[PDB]
Amino acid sequence: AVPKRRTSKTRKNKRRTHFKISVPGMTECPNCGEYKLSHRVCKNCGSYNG
Amino acid sequence: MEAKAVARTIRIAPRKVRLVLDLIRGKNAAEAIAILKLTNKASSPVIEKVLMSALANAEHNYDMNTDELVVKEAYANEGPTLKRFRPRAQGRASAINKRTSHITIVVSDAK
Amino acid sequence: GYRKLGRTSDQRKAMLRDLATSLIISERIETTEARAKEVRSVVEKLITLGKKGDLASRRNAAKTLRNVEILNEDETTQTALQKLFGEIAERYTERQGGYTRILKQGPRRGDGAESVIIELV
Amino acid sequence: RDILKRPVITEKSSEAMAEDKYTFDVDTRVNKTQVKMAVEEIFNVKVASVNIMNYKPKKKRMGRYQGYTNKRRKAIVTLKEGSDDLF
Amino acid sequence: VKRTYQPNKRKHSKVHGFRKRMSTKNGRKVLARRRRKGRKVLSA
RNA sequence: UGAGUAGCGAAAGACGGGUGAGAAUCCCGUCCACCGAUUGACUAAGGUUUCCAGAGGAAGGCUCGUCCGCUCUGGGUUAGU
RNA sequence: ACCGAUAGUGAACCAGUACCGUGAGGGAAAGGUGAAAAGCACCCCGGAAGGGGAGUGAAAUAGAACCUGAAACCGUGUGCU
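Protein chains in written order, with the authors' numbering: chain N, 2 to 51; chain E, 1 to 111; chain Z, 2 to 122; chain F, 4 to 90; chain P, 2 to 45.
Relax, there's no trap hidden among the hints.
Computed beta-carbon distance windows for the label pairs: (1) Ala110/E to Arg8/Z: 54 to 64 Å; (2) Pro80/E to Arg29/Z: 45 to 55 Å; (3) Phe20/N to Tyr75/E: 14 to 24 Å; (4) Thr9/E to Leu72/Z: 46 to 56 Å.
With a cut-off of at most 25 Å between alpha-carbon atoms, the simulated BS3-like pairs for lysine-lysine come out as follows: (5) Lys8/F to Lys62/F; (6) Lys41/P to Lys74/F; (7) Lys38/Z to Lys44/N; (8) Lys41/E to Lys13/N; (9) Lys49/E to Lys44/N; (10) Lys63/F to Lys77/F; (11) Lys41/P to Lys62/F; (12) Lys5/Z to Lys38/Z; (13) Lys12/P to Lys59/F; (14) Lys21/N to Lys16/E; (15) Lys16/E to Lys15/N; (16) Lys21/N to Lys37/E; (17) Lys21/N to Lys98/E; (18) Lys27/E to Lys44/N; (19) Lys83/F to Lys49/F; (20) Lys37/E to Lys44/N.
If you're looking for bench data, these hints aren't it; they were derived computationally from the structure. Even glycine gets a Cβ: it sits at the ideal position worked out from N, Cα and C.
With the sequences and hints as input, model every part of the structure.
Now the structure itself:
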């Protein structure tokens with residue numbers, strides 16, 4: 002099926018209310034001192050330290 | 001005083017870039033450098049450079065210590081696009097767009 | 002089975018035979034997350050047999066392992082099956098289960114797939 | 004007379020040809036019998052055989068204007084005596 | 002399927018060649034037009 | 001605008017070690033799988049430099065690319081039968 | 001008391017050409033830095049591309065995608081709702 006009417010700038014900008022990516026949710030490592038992903042290894046130097 | 005940096009004619013499309021620019025607009029320098037390094041999107045290795053080189057003008061041309069800086073302006077604009085075609089079924093063709101963007105970051109000491 | 006790994010039932014069983022064989026000859030590989038949760042259960046069931054050392058035990062292990070030659074021994078070559086009974090089994094006799102450790106790495110370019118590192122303990 | 008134009012000094016014409024096999028670049032409307040006479044009058048040697056081959060024009064500069072190079076004719080003389088065809 | 006154009010070097014020059022068009026009266030008149038328009042090639 | 005939507009053109013890959021600013025995709029090694037009156041080896045028409053070596057990564061390649069039938073600089077075809 | 005780059009010759013721009021067709025045949029698009037190249041030495045971020053300074057110049061928001069630079073369309077901030 003084809004669209005019957007054009008879509009306005011208003012109705013297009015409401016649809017994308019929810020089209021956004023979220024924060025990666027990271028924490029500082031207690032060696033590197035640099036932000037790392039949770040439950041992963043520090044890329045800068047690898048120390049999981051379970 | 002504010003130092004700016006531009007990357008003109010990057011090949012990622014503009015409304016793919018805009019998804020990342022939001023996550024950093026308003027954050028702090030060291031926080032912004034870390035978000036662009038732990039995100040899975042494809043515009044991160046390019047946007048990060050434009051930010052790592054706004055901080056090299058914030059200290060070598062002017063004189064500001066790079067710890068107390070915030071990201072004040074971060075937007076992506078349009079660029080000239082490339083025309084391409086892909087042949088479809090039964091002797092017909094359709095166009096393609098290879099879109100381009102300009103990226104811009106301004107860092108400032110809130111003064 | 003457990004989970005299908007996105008392959009046909011005959012290719013799925015042919016990959017849990019060649020992945021479980023490199024982990025024995027290398028002892029530290031790097032693969033995808035969902036595969037790793039599948040070779041936790043195939044490897045650690047080859048070690049259990051290797052801790053017996055019967056003849057009916059060896060002739061069950063051989064059904065899985067491939068025939069690869071390990072030439073990095075200082076001089077002689079030792080077949081993989083010889084190295085499951087003669088060396089890996091001796092290292093893990095006191096322990097009861099849990100011969101393997103999994104550590105996540107993060108997303109990987111080109112695919113967004115999750116890397117992991119899985120190592121014999 | 005002077006049918007020859009210029010020697011050819013490249014790889015494969017430098018060593019495995021170095022010995023009694025000299026490459027010349029000749030006019031595009033001569034036969035091989037004529038080259039067996041011009042080489043003996045210009046250099047005073049004794050020629051064993053001559054081989055010849057022709058090349059087709061190439062496409063030249065992709066950038067800007069497009070065009071063709073020239074066609075050439077490459078000859079190869081083998082000396083039964085003597086040396087010093089080119090230095 | 003078997004498309005309509007099956008290339009051939011001998012048959013191209015025996016039908017559309019130069020020595021074909023110079024043989025009949027109506028052919029030398031096709032050269033008189035392509036030459037008056039300024040075409041780059043005369044006889045394809 | 002439709003919309004970050006349909007599609008990405010029949011088919012088995014896995015790991016280790018290199019190179020690199022950057023690797024599911026490039027190079028080397030082992031194992032596994034597919035064709036085998038053929039997806040193997042020769043030649044006709046036709047195409048007309050697509051062949052090879054060292055460099056290159058804007059465009060083209062339905063993704064990436066350090067790679068290429070793409071780009072730059074030099075090479076390559078020899079007959080008394 | 002003709003045109004001024006969608007005009008005037010198809011053609012102010014290597015056009016009867018790029019290309020399209022077995023062939024006869026058809027047939028486009030494309031002008032302007034500055035008075036003068038004086039076409040950005042050197043420094044910094046980056047693999048580069050591209051930028052931020054310093055300089056040339058009367059002017060670089062005149063930097064070769066170069067006078068002026070309208071509308072559709074795409075964004076960033078904000079005063080009332």
